[PDB]
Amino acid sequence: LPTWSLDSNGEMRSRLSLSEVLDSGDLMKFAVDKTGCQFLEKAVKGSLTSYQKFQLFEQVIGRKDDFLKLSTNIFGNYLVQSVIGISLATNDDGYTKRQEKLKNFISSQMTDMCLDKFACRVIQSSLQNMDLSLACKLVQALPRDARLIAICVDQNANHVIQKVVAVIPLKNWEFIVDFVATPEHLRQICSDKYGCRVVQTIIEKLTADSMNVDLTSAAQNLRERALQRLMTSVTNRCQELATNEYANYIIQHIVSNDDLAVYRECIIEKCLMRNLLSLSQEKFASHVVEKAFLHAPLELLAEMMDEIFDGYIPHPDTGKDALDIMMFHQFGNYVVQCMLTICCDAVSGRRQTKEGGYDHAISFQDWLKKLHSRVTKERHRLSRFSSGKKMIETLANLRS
């Protein structure tokens, strides 16, 4: 940093004024230095004369190249965000030009910035602080090709998409919904550590839940359709997503949320029914099977219960059935525990048994009797395992 600003022992002077720095032409040097940038940070949080503001506007966010340089800088990016805030607060004659220029700078370099660890932070705060019409233009600058995928699955850039989803009306980012819905994109993005969070965030935004009551009816309609398009695509690839190490959380999210009930039933019918035994044996899909049991509508839950109890032919030699296999399987045991607990909740009053214009209590009692009889019969083998001991305990707790 500038020698004129240092003391005898090579350290930044203590009585340095913001104006000295602004007048010196050496701001860029301070802004990329930790000590210098922090001094600037504190200095710009206080009172500022009009000229001080004017200079900061020109030197921090007035020229494209210096703007990118600081936005991509580990320290500088904070000063950029602070100066943008001040610019937005300053309604002088230059307000409109400064804001348009900031739109242009970011837009023209949108992809480059999104992917940069530090510039993406500048993007995200700009999206929620800038006038909405200008923030909307930033969204428009997002790429529509393979770069969008990279953005969705980047550990830093994914948060730009999530911010867009949070603070920008849907119409501006509808293209992302459809982009992600493409069979090949859906596969990649959902099967990615970060991308699956992005898809979930999208689904949540598209959900007609309590958080969306402020939407106009026209906007709800826009949302309903976008949700329906994305769900169609998720449903077509339900099997692949359910068994995937990352996308299974998405299927779980849809199956678990009452506000997505219609989609819950689709998914269960499309990839779960008739596959319950095999999926209960999958590391990742076993968690989806549990969610389905927990949240299926009663009529469908009866089919699921019937599939486990009666749906499969016992082994030709040993007589082992689906229930034997699942009870002792490293992943299947959790599903059977889930079925048991559902039944105990139902007959214990902890779970509503009325639905579809009828009291299914009789059904839960039947299922429970089956499980109890199985566990009674196999108590010795079962008690060798934590899972078996848990079920035995669950049943004993029910008696009393």
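The term rigid core refers to the most C-alpha atoms you can superpose between the two forms while keeping them within 1.5 Å. Residue numbers count along the first chain shown, from 1. First, how it differs from the form deposited in another entry.
- Annotation: the position in 318, 330, 128, 182 displaced by at least 2 Å at CA between the two forms, with the core superposed, corresponds to 318.
So that was the form deposited in one PDB entry. Now I'd like the form deposited in another entry, please.
What follows is just the one chain, with no partners and no other molecules.
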């Protein structure tokens, strides 16, 4: 810190005015210092005369180099966001040029700022607060190659894409949907903890739920097509995504969401069916299997049940049949508990059995009877384990 601003202790003075700082030419030094930053933080929140604003505009967002320097700074990025806020609230003759310049600084260094832990905050702030038409120019400056993937998988940068999805109209970011939907890109992005969050947010924004009822017909159609292209790519890699440590959450979301019912049935039919036994024994996919049992339409649910109950094991090395393998498996046991709870819920009225005016009560009673007979014959083995005890308990609880 400049010596003039210090006292006898080598400590920042008291009674310091914002104008002193602005006039000194030493603003950059206060802005990257913890204590200076906090003085500025409070100073910039108060009443500001026109020249105080003018000096902030010039020194904080007026020159590219000092702009970039503050934006990438642990303390300075906050001052930048404040001054941007004040600039957008100040409708004098300089409003347009200030905003245009800001748009040019960020655009020219888009990738670098997005990837930076601190500058990515300036970007998010700018996307939210600039006039939409200029925020759209920032989106347009996003890279379209491997750098876009790196943004998506970065713990900080991914939040830039999320901000875009939240505050920018689909038309302007439609290229992101198709970028992501490219098979190799989807592969990389969904195999990553942060990338998955990006895909998830995109899916939600593209969903025709209560948050999108304000769209025009034409805009609904644009959203509908984008979703359909993304889901095609997602469902093409469905087994890989469902068994993946991160992307299983995305598959679960699609399966669990009634507003994505058509895509849920696609996933169940083309990916889960005929693979229930093996998927049930996987750490990650077992969770997708539970969601599928819970949310499948009754016609598919009956096929899933049949697949388990009539599951022929060519060479039984881990148990005589699918039910037997799953009940005593470390992950599969959860799938069976799920099947059981569903049946008990059906038979006891806690779940609808009548889908679309037609009543599958008799099928639930049949499945429950099979499970009851199996648990009865196996009670001695099952009672050795917590999962077995829970099933025995679920059944005992039903008798009442």
